[PDB]
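Single chain ahead, written as structure tokens, the form solved without the ligand.
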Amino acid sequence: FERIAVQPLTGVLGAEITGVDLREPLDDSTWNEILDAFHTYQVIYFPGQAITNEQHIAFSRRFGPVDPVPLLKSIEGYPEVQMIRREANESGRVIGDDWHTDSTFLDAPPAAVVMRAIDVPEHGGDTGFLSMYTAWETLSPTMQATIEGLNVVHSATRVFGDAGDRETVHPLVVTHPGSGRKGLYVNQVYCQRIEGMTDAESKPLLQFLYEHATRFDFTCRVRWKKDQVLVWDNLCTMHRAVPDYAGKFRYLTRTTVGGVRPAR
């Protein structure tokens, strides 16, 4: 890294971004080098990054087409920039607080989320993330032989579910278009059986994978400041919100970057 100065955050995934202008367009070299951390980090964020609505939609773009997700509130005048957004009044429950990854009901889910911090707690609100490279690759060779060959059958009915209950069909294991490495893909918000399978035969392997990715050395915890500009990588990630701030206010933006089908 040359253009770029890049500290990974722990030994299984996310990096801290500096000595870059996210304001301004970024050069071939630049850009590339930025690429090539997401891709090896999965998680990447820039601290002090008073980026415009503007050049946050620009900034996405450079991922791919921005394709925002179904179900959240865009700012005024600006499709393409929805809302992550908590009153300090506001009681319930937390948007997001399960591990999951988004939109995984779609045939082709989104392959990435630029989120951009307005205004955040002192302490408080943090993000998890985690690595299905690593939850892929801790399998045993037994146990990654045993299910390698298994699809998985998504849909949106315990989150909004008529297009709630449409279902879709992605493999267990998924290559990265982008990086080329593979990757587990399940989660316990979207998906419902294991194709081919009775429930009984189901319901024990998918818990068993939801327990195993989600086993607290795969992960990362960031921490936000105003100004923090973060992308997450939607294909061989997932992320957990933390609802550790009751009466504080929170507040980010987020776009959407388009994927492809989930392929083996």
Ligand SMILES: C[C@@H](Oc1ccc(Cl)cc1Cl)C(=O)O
Second form
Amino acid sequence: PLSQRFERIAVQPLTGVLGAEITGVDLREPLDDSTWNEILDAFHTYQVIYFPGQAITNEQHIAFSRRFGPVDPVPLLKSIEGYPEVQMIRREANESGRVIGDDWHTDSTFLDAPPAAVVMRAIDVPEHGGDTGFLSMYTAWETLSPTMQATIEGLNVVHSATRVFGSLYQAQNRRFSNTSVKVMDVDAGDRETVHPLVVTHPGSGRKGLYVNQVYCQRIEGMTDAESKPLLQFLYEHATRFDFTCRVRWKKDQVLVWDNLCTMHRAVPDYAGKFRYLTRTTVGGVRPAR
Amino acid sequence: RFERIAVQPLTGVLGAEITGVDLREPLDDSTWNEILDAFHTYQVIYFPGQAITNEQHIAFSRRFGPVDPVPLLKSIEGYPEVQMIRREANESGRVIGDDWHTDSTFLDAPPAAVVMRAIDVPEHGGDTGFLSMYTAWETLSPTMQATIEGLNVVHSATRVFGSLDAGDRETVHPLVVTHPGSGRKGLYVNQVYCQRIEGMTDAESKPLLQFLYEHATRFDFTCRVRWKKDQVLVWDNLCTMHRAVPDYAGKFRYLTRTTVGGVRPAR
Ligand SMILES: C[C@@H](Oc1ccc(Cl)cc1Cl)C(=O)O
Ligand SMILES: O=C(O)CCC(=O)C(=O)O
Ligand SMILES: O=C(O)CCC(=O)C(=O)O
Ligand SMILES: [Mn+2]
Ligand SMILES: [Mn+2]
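Give me the form solved in complex with the ligand now, not the form solved without the ligand.
Starting with the chain above, the whole complex follows.
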């Protein structure tokens, strides 16, 4: 049982698939080795973990994030004054632009080495509205038939940011506001990189599906017509409701998600209400089979 | 080659018109061999002006293999082997074969070929479409080819004459088959008889089969044959698909056909 396996923290799973609430620890302070190792174990098992009631400073947020790996801010988001490492998911009450992250994805997979994790901190969130969905790409992979696994396990996939800040974004109407999003070079938006469709997580050693509808363009080697259906099936499969969990925010909730083996999604159900979280990004290494 | 027959290809994909031969007569070795060469190359071949009897029709068909009638068609009186594709002028409803398919793939060994003979056909209307599954396979990307070449597909007749017992019987064929005569690889799927990719769930299988149906039936993989009375046509039932065209309402249309038996589709 969790109560006896964990001696320094308390772990309460959110679903039978992923997600867990962690209590019994003070993120204002340096973590001792035994406490950190339990958090890291829970992180690898539950893939998204969150800590209610952690009223921390920007420096403490950064220090906690550093336990997971080096900081490596994502390219698109603005930072707060004085802290380049601390980026903003901020939406003013009156804004009407596109909501950041409102499609299932994982972050910045157009990079040669996308983030390994993100540590998000709620600053000011609505009493209701603005939950975040998560899902497990371990589960998505593990629930494919043996025949479908054999069929796709050796494929590679082309990623780019073209629909977020490259040529395709610039040729359409739904735009982000300047509250949290920077102006970007279109050529950087169009730059392609190739990642495996199935990857091995370096911490857990487990295989997971690695495709997302925001940044994936096509299966490498295939035409668009050939790719379109396999990719669309995999998006529908991965985002099956029974592979998900739903996290509700409260002020001072600190959450870590695994940027390799989960996906996540914003929920734009709080029009007219201010919502502000900060986040630090933990750098990763090239996705690999 | 072609010293004994004259061959005029219809498109750059498949189909050819053959002249300079009299199908009422027995074919010598050199002439038969050229016809078979043209058949393997062009996949659908047709001979205008061949006013052949029922017996000559059967005899020509036997050069391709054993004459083994498809299960569901009516035979003309006196000749079990010779079956009817007949529609009356006063007839309404929909037409036999009005979806892209190839014949009877629910069988463990579907027909190898069909020899069709126009008896009474409209001045215009009632063309037959054909397409090449060699070309369909060869135009898939190398990556898609590698991705699906090891898949097998479950066929059954449930939607033609089954529930939707012999109509519910399943058989499994390779998704990509090697032609036993030409040695060439072709795609082997069709929307009439294919049920699912073996081993996959419905959600996994449906989009992939649907893409392959869309790909194979791309217009640029097709040809279109117009009929005239006394035209004799042979199609390869393994490496082509075909489709009737119901654009002749009010007009009588009558063709006969013999069916040539095949062997198990093989990788
Ligand atoms: C910050 C995040 O950027 C986005 C991801 C998905 C979507 Cl739909 C939009 C944005 Cl800005 C990222 O990918 O790093
Ligand atoms: O605002 C949220 O709930 C998630 C936004 C998001 O996708 C992100 O911060 O990367
Ligand atoms: O009538 C036609 O053009 C073709 C009908 C058909 O599919 C067949 O005879 O197998
Ligand atoms: Mn995101
Ligand atoms: Mn037919």
